[PDB]
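*Asks:* Chain residues, written in single-letter form:
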Amino acid sequence: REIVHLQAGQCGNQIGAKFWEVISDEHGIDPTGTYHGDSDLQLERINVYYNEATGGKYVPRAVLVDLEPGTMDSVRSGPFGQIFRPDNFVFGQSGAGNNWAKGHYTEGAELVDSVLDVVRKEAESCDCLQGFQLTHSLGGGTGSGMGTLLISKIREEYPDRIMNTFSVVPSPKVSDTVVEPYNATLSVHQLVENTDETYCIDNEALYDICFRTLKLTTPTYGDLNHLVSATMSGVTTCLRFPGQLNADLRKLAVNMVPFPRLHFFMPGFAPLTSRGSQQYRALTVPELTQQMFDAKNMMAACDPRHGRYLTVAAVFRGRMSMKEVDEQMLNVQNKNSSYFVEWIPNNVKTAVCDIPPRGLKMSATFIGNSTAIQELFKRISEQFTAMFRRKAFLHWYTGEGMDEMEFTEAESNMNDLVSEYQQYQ
Amino acid sequence: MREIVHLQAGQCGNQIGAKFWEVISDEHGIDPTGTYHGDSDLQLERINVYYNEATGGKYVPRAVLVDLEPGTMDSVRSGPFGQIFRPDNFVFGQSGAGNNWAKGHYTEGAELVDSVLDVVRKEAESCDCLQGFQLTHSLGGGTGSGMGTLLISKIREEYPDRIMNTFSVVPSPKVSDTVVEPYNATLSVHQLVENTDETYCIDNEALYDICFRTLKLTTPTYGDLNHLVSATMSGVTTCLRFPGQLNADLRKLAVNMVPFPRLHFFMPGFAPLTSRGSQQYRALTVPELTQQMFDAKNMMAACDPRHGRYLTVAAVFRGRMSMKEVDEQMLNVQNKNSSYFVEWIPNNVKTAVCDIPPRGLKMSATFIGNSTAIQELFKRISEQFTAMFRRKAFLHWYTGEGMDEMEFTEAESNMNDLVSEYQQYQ
Amino acid sequence: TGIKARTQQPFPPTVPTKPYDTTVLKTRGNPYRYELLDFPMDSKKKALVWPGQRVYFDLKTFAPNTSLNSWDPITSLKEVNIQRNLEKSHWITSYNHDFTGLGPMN
Amino acid sequence: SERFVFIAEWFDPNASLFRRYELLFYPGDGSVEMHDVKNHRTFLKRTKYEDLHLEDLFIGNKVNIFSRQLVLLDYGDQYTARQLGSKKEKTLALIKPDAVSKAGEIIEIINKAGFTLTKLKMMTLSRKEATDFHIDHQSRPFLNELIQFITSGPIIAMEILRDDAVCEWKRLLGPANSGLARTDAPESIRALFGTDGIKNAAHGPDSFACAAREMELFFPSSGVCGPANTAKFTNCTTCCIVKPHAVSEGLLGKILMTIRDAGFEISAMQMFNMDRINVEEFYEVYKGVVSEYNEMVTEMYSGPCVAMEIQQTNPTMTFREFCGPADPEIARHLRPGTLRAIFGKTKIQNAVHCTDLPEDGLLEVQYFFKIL
Amino acid sequence: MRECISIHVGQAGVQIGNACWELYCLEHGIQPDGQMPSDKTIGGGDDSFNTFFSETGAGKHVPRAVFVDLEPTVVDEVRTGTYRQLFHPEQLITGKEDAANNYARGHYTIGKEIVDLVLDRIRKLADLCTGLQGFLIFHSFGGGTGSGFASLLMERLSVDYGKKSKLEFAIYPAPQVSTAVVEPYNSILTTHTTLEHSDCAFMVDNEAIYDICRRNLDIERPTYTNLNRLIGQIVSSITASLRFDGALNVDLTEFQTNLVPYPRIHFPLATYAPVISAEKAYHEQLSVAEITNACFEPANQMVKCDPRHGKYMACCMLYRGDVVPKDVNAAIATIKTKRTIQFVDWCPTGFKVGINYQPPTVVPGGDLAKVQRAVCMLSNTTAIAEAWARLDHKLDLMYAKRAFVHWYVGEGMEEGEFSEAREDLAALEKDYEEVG
Amino acid sequence: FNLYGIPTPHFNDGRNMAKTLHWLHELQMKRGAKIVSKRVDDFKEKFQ
Amino acid sequence: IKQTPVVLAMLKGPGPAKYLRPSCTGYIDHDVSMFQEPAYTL
Ligand SMILES: Nc1nc2c(ncn2[C@@H]2O[C@H](COP(=O)(O)OP(=O)(O)OP(=O)(O)O)[C@@H](O)[C@H]2O)c(=O)[nH]1
Ligand SMILES: Nc1nc2c(ncn2[C@@H]2O[C@H](COP(=O)(O)OP(=O)(O)O)[C@@H](O)[C@H]2O)c(=O)[nH]1
Ligand SMILES: Nc1nc2c(ncn2[C@@H]2O[C@H](COP(=O)(O)OP(=O)(O)O)[C@@H](O)[C@H]2O)c(=O)[nH]1
Ligand SMILES: [Mg+2]
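Chains as they are written, first to last, in the working numbering: chain A, 1 to 425; chain B, 1 to 426; chain C, 1 to 106; chain D, 1 to 372; chain E, 1 to 436; chain F, 1 to 48; chain G, 1 to 42.
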């Protein structure tokens, strides 16, 4: 049961570089590849993410793919960047230019044939594959263009596996790109059809949780990448450590996806305290499970107040008893009955591991399939229809192999998906 | 026991032979003086395959060096390993071939063929039991393509049952090194078929692709290419001189390679080839040498196997391994990609496993493969030939030396049958 | 795996090792990103110094520990063992806590 | 360009004759090329050779050009004679019976000032050898005291390679009276390790003729050796040889210092430049028991080695534990105070080779001090 | 072995030999008095001077070349200047009178009574060395001795030797700019009788190299001394492979088998790429990937015939210095992939590569700089068909009213020789346009 | 009188090819003994 | 023009045989970068 990791774009590359930090200090892997941990549990399931080479050096199953050569330098010279395999560093010469056309259609057609070879080399040397992991940004030209191209080219090759995408959804407050809506609606059309599970991250929700929950002074991108890495390493924790209950990466898919195109999730991470006020909190299961379902402890800008949950996951880590866990799930279902659908009797899925994160005592991870996510896609649709109506920035796309009707088809599937999310409420 | 006689024709053949006798002297621990200085006791008990000695325990190579010019003979003799070679094994003439198939084959080389036959047949008789002959030469040249072609013509005239091994340095597709290379390629390939049993084609821009894309060197010189060619080419005769589990000489290889005698054009490779900064993160197992040998970026003919199915495959292995894993890997690579193998042969892969790895390695391999896709190279040489010959353009360099005009037509028509009678048997 | 273990050149096998010494030619104008990576000759490794940010050069916290070797207080060695045992006590697992030996674990 | 030409001589073992040659060193573009004097032709072309260095090229030196022990006899030209004879001057470096114990510092200051050791041995001078020595000092006041001082204990004589070697070693020595060196010109070795004016630390020549006569007294040209060797063939006798790798960067004096500091005393010492046929007659007991042997055997005829006799007088720690493990990384992990833990590296050019078998301490000392 | 005999005819050939032989004495350690320095050498063993110098008992290195000039006035200075102890006294052959821009005077009247002496000296030079590879004759076209006496020697060298190489440089008239009026006559009459007696003629002009000495060398108002040193530089880079080691050696019998497709098409123009000053090289890096491109520039090329309109038939790249084969092949693929270099349809190979391992030497006084890379592309192209057309258009203009003919037919020459010379030059013009 | 031009360092005998086919993992067992952790040893004796 | 899709790596552009400069030899078509030299009439 092993996972092949992918990362496209500058934002996706930085998120993956911070995710491998958490993985490598969880398993006691040195920044050069040697082993320096204490417990035997770290070496048991090290083949999930890592590869064994001669000399006892451990290397990740990560393929480095983008368009812009200077983000090599932000990876190879990183804190834990020397463990990566240099032959998995593939990208082209010229930049993306924040175009979906340049990253998906014309320039990207000559890079996909070279990155699929490295993907085949890493995936075909395993004993039993389980799925793929991709970190990318939906608003760029590389993560949104070449990301969907790689998902399309991987789904045909391995149709009987599962897919993980950790997509940074555009935010209205953090507007760092003019052509944000065009890259937004050109990406999720090919993300709905083939990818079976997708964790949506919003930057403004991350800033809100770094301002109101952690009470941070100056939150940079490193803190948000650490939070999204804490979420990232908490959904596959049953694959790597024993526990009193099991949830591999397909049980989440079976429990949380009831209908084929309703698979967009709201990830969360519960045990977040204030900066210096850790002395005043009781680290108990009721306190964490009360904070977990709280509205401002999310990682997407959409409010769970305005909608109703379909399914809810909760992956616990630590040596906690099951009575308070399942009793508190029963409580949060019983007193929030208007916010869960009536046609599904039990709406939570629980799992318990036995290894907490480094630097804590007990932790959980919230994943939520809710109908409140339609508002985010709705505002993406308004930002798309404002720009596209007057043909605003179309000449950087239609000059590189595009039609008008592709954009209208993307918008059509956008309001179609919003209609399916709304119809079940 | 199973002696091998080495031949080096032309300046390219002389350079490759000099590098080869540099590198195979380190396997057997032979210093440039001629004495033996090795670590193990296993590298001297099969010295008869490549070395003859004299009074004093100093070993000389069984190689005959031929070039019409004496220029590269000074480069060979004055190199680091230039004293082990026999002083009278250097046959040479008064003038040069000028990259002509006429001058080194009919007029000036016709005087030198008898001179090298003086020494070659004596070196053949003194062995208790020969295995065959081994030739390193160039195709686009004039001395290797003219002298050694008459040599392999009149060695089978008196040794009809020995294995003929040639190392055909074939011209590159895009960049050319001689203007008249299609003539010297076609006219040598036409005589190659009737007088060779095993021919492996080595390019130069493929070596370049190796040294820049899979070895990550910045400045690949010809010494590096010659060392890579000799490392590939010292790997075929490993079981002839080192013990193992499934041994194979040259005749067993040639039996397992060719199903028909007109089809003996192979295409080599070498498995442990990675960048020196990339050796940290790659393990040395059979399921990685197997992956590298079947990659398109580890094959010296620079022909895409997507354009033609393999006919028969051989994989000589070195090192203490498990035969079980090798059989698994070969069956799996035959079953996964069944569209790139023929159907009328049940088992297309011959496996031979030696026990002694090369010095500085713990696990290595050598890949020799008969492929239908080698017809693409002959198609390029035919296209160049019919572009240049089509109205007797360069006739006057091939009339003053006694070559007849209809000889070109025969050298094309009997070489075009290596394409028409190559797709039917596929 | 502490400060005193962060000094001896054959450090005990619980401290992470420094990424190796590299010269850098950034891509940014050059055709290839050349890196002469020195591999330290076994016994001359180095205890790892800057896991805080980029190992390149720099660009508001502690990348190394704060207990500088100049000043005194590194004492109370009974005091520092307790958290080493307590982090170890978090990695014990449920089956080894209950079905190990002749009953549960005290 | 600026090539350096030398006249060489290689002994063919196959044909019992000497073959003369001509090697050309190119500094900067470090490379050699070879020419033949008899049977005028070329031997080796312009090949870049990495084992040849400018400090290793002088008259009487054995050098390895592609597994051949060719000797140097003369410069090819008067250009190279002009551009090397002013920087290759030989003078005798003697050490009196005092500071034989304090000999590591003498070697350390000699190596620090830019000198090159070519020859070295430890003797005692007889009555006639110490009377021919001090011949200018005949019928002068203090003759008996110097004569009975020289004949007291062991004498260490060594050679010196530096530009203006005689004057520089006289400058390093200082004035002969140790009081004047202590007062007038300090930091000299006579100030540091001399007590009286008779009880000096070291002595050398002042001119070239006196240096040549001293050289012919102490070291005859070939064959017969003048003085003895002071080898103490006792039960507790073992051997250790300093590899040329350690003598190249001046680790000899520090080796002597850290051996005298541990309590082990040295009874004999000699500088050797062994041929291939003698080391491969000494080290083939390590054939097959070690991992790498061919480069181990060509490492220690690549230059001059210091072979010495060392006796076990330190209680509860034998010298085989003082040198330490053969692999220096096992030494640095396990025993940080041993000889290989702090001096040698890379397992092939380690610091010293101590005798592995306690029964075999007399055999190799016996070999080094009577066979050669 | 690997020897070569250089023939220096005429004022141009005898002033080229005063500068190319300076370079020859500078590659090896040859002092201007034909000896090694005070020692600065070995006691024997070196043989890289064997191609151009002969080793005698006392150690003198006597050149194997012949200086011939019917004018005594120019060889008087090589025998009295700073190189008077280097040349063998009977290798410098002079006569009574000059030919004075007359093909007839150098070919029929004054040519004959010196040919026997010159051939005797060529015989004495030829048995001095065993393995002779060919002849390197340098002369001019617009003169009387370089046009007449040299062309008379081509007839005397193709019968006595036969299959020896005959390589020409043969200073060729410039299109807009000329020196003598009657030089179309001598140029056509020396191209008529030197067709089937030679196999390689490396055409250069004195105008394009003037413009080059204004390009790259930062000199203004140059003269012939700044010309002959560049010529001798490309001369030594042509034959650098015989005496210096390299990867791909090229002998003297190689240019004919590549650059000459047809017996009447044997005129490859030369090109030296890294011509540059010391100041101009201080801001440029000398790589393979620009010296490859500088050879195909019309700026750096020889005779100004606008090779954009021509078709390349056969090239011969002779690299020199710090070169690896990788960037050479990459640059060759690059210049092949570009459309604007027109290549004729019947030559898919088109290239010949020779790589040496020796950097070029620089002279004290020449404006050329010390570099690490050097090439000499001997390119055969159809663009010189315009050169012959504008060369013989002048003969058509002058012969239309029989001007200057009485100096020819009045001395050992027939009136019918002019008409057949223009006729076969027209045949040479006709066969050049049917190869495109 | 100065050498101008970009110098490309290169080795003509072929020592780069000799070095790059030495597989730098046992090049360093020639100059020492590799020192891996001990917990990974007890893992590799038991599940490898 | 600009609406034609091309890979940006395959845009090396015209090489060393597109332009000739005007001659220094002759007042006819002299390049304007160097000394012209005089051109005296009768
Ligand atoms: N490049 C170059 N060309 C020269 C040189 N000397 C003479 N020329 C050319 O030769 C022509 C002069 O006539 P030449 O052919 O040399 O005179 P010649 O060969 O002695 O023949 P006669 O004068 O009749 O005796 C001029 O137009 C120049 O173009 C020289 O040193 N270098
Ligand atoms: N969470 C997080 N987001 C980032 C980071 N860096 C950039 N981003 C976001 O990614 C978007 C830019 O996309 P980018 O990766 O540069 O485009 P691409 O290279 O074509 O994939 C911006 O809107 C940023 O908000 C980071 O380190 N962390
Ligand atoms: N791999 C390799 N190829 C060489 C070497 N030397 C020459 N060649 C090839 O030999 C071909 C030309 O051969 P040539 O020099 O004419 O041989 P000749 O007939 O003896 O003169 C070229 O295409 C080169 O690629 C070498 O050292 N190594
Ligand atoms: Mg004249």
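Keep in mind the hints are simulated off the structure, nothing from the lab.
Idealized CB from N, CA, C, for every residue including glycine.
Misleading hints may appear alongside valid ones.
To be verified - Computed far set for chain F versus chain B, every beta-carbon distance over 12 Å:
{"id": "1", "residue": "4"}
{"id": "2", "residue": "23"}
{"id": "3", "residue": "32"}
{"id": "4", "residue": "41"}
{"id": "5", "residue": "42"}
{"id": "6", "residue": "45"}
As the list claims (entries may be wrong) - Result set (PhoX-like, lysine-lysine): computed pairs, CA atoms no more than 20 Å apart in a straight line:
{"id": "7", "chain 1": "E", "residue 1": "336", "chain 2": "G", "residue 2": "18"}
{"id": "8", "chain 1": "C", "residue 1": "45", "chain 2": "F", "residue 2": "30"}
{"id": "9", "chain 1": "D", "residue 1": "287", "chain 2": "F", "residue 2": "30"}
{"id": "10", "chain 1": "A", "residue 1": "251", "chain 2": "A", "residue 2": "361"}
{"id": "11", "chain 1": "B", "residue 1": "392", "chain 2": "A", "residue 2": "121"}
{"id": "12", "chain 1": "C", "residue 1": "44", "chain 2": "F", "residue 2": "46"}
{"id": "13", "chain 1": "D", "residue 1": "128", "chain 2": "D", "residue 2": "170"}
{"id": "14", "chain 1": "B", "residue 1": "392", "chain 2": "E", "residue 2": "430"}
{"id": "15", "chain 1": "C", "residue 1": "44", "chain 2": "F", "residue 2": "44"}
{"id": "16", "chain 1": "C", "residue 1": "45", "chain 2": "F", "residue 2": "34"}
{"id": "17", "chain 1": "A", "residue 1": "361", "chain 2": "C", "residue 2": "44"}
{"id": "18", "chain 1": "F", "residue 1": "34", "chain 2": "C", "residue 2": "46"}
{"id": "19", "chain 1": "B", "residue 1": "362", "chain 2": "F", "residue 2": "38"}
{"id": "20", "chain 1": "C", "residue 1": "88", "chain 2": "F", "residue 2": "38"}
{"id": "21", "chain 1": "F", "residue 1": "19", "chain 2": "D", "residue 2": "48"}
*Asks:* Now look at each hint and say whether the structure bears it out.
*Replies:* Against the structure, the hints come out as follows:
Against chain B, the non-interface label of residue 4 of chain F holds: every CB pair exceeds 12 Å, the least being about 20 Å. For residue 23 of chain F, the shortest C-beta to C-beta distance to chain B comes to about 5 Å, within the 12 Å cut-off, and the non-interface label is violated. A cut-off of 12 Å between C-beta atoms confirms that residue 32 of chain F is not in contact with chain B; the least separation is 16 Å. With a cut of 12 Å on Cβ distances, residue 41 of chain F stays outside the contact zone with chain B, its closest approach being about 17 Å.
The Cβ of residue 42 of chain F sits about 20 Å from the closest Cβ of chain B, beyond the 12 Å cut-off, so the non-interface label holds. No Cβ of chain B comes within 12 Å of the Cβ of residue 45 of chain F; the nearest lies about 18 Å off, and the non-interface call holds. The hinted pair formed by residue 336 of chain E and residue 18 of chain G meets the criterion: a straight-line CA distance of about 15 Å does not exceed 20 Å. Annotation: proposed proximity of residue 45 of chain C to residue 30 of chain F holds, straight-line Cα distance about 18 Å (limit 20 Å).
Our distance criterion of 20 Å between C-alpha atoms is met by residue 287 of chain D and residue 30 of chain F, whose separation comes to about 16 Å. As the CA atoms of residue 251 of chain A and residue 361 of chain A are separated by approximately 25 Å, the hinted pair breaks the 20 Å bound. Straight-line distance between C-alpha atoms of residue 392 of chain B and residue 121 of chain A comes to about 51 Å, which puts the hinted pair past the 20 Å bound. For the hint pairing residue 44 of chain C with residue 46 of chain F, the CA-to-CA distance comes to about 30 Å; that exceeds 20 Å, so the pair is violated.
Taking the CA atoms of residue 128 of chain D and residue 170 of chain D, the gap is near 26 Å; set against the 20 Å cutoff, the hint is violated. Using a Cα cut-off of 20 Å, the hinted pair residue 392 of chain B and residue 430 of chain E holds, with the two alpha carbons roughly 19 Å apart. Among the hinted pairs, residue 44 of chain C with residue 44 of chain F is inconsistent with the structure: their alpha-carbon atoms are about 26 Å apart, more than 20 Å. With a C-alpha separation of about 12 Å, the suggested pair residue 45 of chain C and residue 34 of chain F falls inside the 20 Å cut-off, and the hint holds.
Of the pairs offered as hints, the one joining residue 361 of chain A and residue 44 of chain C is violated, with about 37 Å between alpha carbons and a cut-off of 20 Å exceeded. With a C-alpha separation of about 16 Å, the suggested pairing of residue 34 of chain F with residue 46 of chain C holds against the 20 Å cut-off. For the proposed pair residue 362 of chain B and residue 38 of chain F, the alpha carbon gap of about 24 Å is over 20 Å, so the pair is violated. At roughly 18 Å between alpha-carbon atoms, residue 88 of chain C and residue 38 of chain F fall within 20 Å of each other, so this suggested pair holds.
About 16 Å separates the Cα atoms of residue 19 of chain F and residue 48 of chain D, which keeps this hinted pair within 20 Å; it holds.
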